[PDB]
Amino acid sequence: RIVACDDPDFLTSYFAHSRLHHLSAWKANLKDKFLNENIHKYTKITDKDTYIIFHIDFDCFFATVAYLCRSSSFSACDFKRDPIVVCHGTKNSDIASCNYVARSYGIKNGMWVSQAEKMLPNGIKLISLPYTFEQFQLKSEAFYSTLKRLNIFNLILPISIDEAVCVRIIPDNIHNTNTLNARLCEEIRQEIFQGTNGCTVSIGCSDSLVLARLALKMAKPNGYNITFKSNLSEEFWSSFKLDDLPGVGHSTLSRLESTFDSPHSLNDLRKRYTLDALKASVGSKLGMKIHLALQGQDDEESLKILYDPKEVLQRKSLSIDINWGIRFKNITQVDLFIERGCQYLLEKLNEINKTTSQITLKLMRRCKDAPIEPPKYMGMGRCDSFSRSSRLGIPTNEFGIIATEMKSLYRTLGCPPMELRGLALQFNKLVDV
């Protein structure tokens, strides 16, 4: 009952099961809906406007919906009492989402099931629910629909399936801003709960993107938080990890922890940092971004989504990226897979009425000293990453040009088929009509 990477159904089957593919496709479709819904409606925000940002996202999105939509086989479980996760497997399988009970024992999104099992004391069973992908989309739709129907935002910007940044242009210096915006946060939460038949959202509310994002994290689960620039305090800053800053992930955290000696919070970092030391640790741009965030201000790059959302949400590239289940014996099977991949991308390119004038092939090769079979079944394991790009000349949607060039790019990279653990095929420059 298993579809391999050299089977013609592989892509279809992989993409049917892959939650990360679904996240990307859903995001791509929401940006498209935004562009189509706002064809005529030119609503833009200028640097002279005063505005409030409501950053809204679902609490434990997949866990909540998978529980409400669960099959008869899982009737007995209780979302308030039981530790519940959404995953495919039983061992080295990613927890896509876990409920707040599971989180009280230390279980976290992205953790393998087997690792999560060990954090439960004896007597307590981990409940594993399947993915309900179509129902995830239906709940998102009800969410976004509720946001519009309220008719209170000048701009509704999709971030993800379960998350949106909503903007209200307002006068400078209004009376009772904290209390009036608390009322809205409460109205929004109740309306979404009713509109989704029982999913909860949290809301971060501020006068900048960065603070509204931090306020949302502080609000979780099932609450709201309002912190304007003028409400900033050491106690607010003391509540956040460094990688709570947008643009700071695993790798930037490590560099910031090294340079500033493992600050426990953003408030510890506020006290220790200089702008010049930040730039040295993490780069000029990101160093500046962080310095600005610690004053509750957005960088110019982040603000582009408010100042010109149609430009920012315009799709500029298209690709597929498959780094799971890649086990080829020879170059013939690789070529067939690339061809299937190019055709899939061409069908999408043709759906959206564009051509491409530049492509890239990117692969993942088993590291010299890594094991032939990694600990995750069909995982890529430790790998080195290599890429080559190619200009096609005239924009085109011709399979013969595109696929021949992709296969050639694979040849230029020189990875033996059996060392291949991952492939991405990319159309880097898109042209309309």
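Positions refer to the first chain, counted from 1. Just so we're on the same page, rigid core means the largest C-alpha set that superposes within 1.5 Å between forms. First, how it differs from the form deposited in another entry.
Once the core is superposed between these two forms, every option in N197, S251, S238, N176 stays below 2 Å in C-alpha shift except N176.
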Contents of the next structure:
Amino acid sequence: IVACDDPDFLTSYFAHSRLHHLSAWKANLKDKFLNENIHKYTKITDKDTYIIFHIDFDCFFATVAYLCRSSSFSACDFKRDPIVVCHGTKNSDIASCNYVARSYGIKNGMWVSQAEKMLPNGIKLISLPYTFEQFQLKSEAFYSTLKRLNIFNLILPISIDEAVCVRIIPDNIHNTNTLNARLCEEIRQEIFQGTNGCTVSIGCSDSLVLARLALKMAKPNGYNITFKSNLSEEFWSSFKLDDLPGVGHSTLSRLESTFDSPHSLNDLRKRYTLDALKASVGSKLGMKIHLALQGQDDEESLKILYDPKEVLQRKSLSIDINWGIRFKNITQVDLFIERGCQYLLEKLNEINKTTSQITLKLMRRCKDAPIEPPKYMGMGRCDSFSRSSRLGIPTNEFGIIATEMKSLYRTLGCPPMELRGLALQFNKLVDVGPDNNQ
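Moving on from the form deposited in one PDB entry, kindly provide the form deposited in another entry as a structure.
If you are looking for partners or other molecules, they are not here, because only the chain is given.
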């Protein structure tokens, strides 16, 4: 057991945190794309007509954890048992659940306690541990397979288990659904063989947004080809409002209040007006949704195709720790901040950059919230506070950055015992060139 005032805390927390792993994996995939394309002119141009193959592992962690499960779980049956991946037994996040579990209403991100209550009597939830290294190994096989097939002009990493793959179609060639179905089946089979049993689904379209929706439609373990010319009421009727990219719970709530609780993208499509949309959810998001309901990408989303180097370049660096934060005094807080600064500066030096601006963000227990919340070591209900500072001279000096971070904490006034979370951010990064003469 490692407490937050123990020097090993950051290492142990990050070693256990699937959300840390996900961000670290995504960051590494981005750096790798940039390094492998340092000299290639890697970008779709306006001259190209393209097809999007949006490819994603089905129940990634659950699939891999099951395939690599220990002897204690040998008799577990992936097609018949409800399976989740999590650390704990009660207020522990379900990071992944298989589709048997989803058939009972279980969803990623539920707590185990919640998920158990959805099972009929006699049916047992199987909980598998995380297998972080094997998650990474399976992803390696995935990305290696995509490259080996030599059918994509551009392979864009989205995450450990997801990529957007672009095929340019010369319009001396005649693309067909049959050719695209063959490609989907090739991809699916080769990844199945290369991952030793993981399944991917695939959405295939002529827009990013349609490929994403097609992917949702294809799951589990299938593919869906829906081009703009194929659109129909049957298609839009199949989606919830938050299936749209950019629509989370808060945008969901807003659209439901504004448009009389639409229950499908078809409902929304028939009811909205661009102007009422913008008023509900904002100008840019409103325009994005409008275009999405036409099967069309917005300018911002298209940047990944036309300048992936820029989109995938990292522009800030941070850590967030909002679990296990229980400090008795300001000395221990300050030492934790210093440990976080050290960790961040290692990351900053690995990419050979300096920072010109930093931010400290904290979570403070709400005045009326229990000191020990429902989730063990959780942040519980908090108020958030943030403050930033320009450094003037770009720097990677620990002395300067750590002192300023600790000062930022001081200015926010949070008593150490009330602290429940901390985020440390380098907001602006500056390249380090060969010329460092003042």
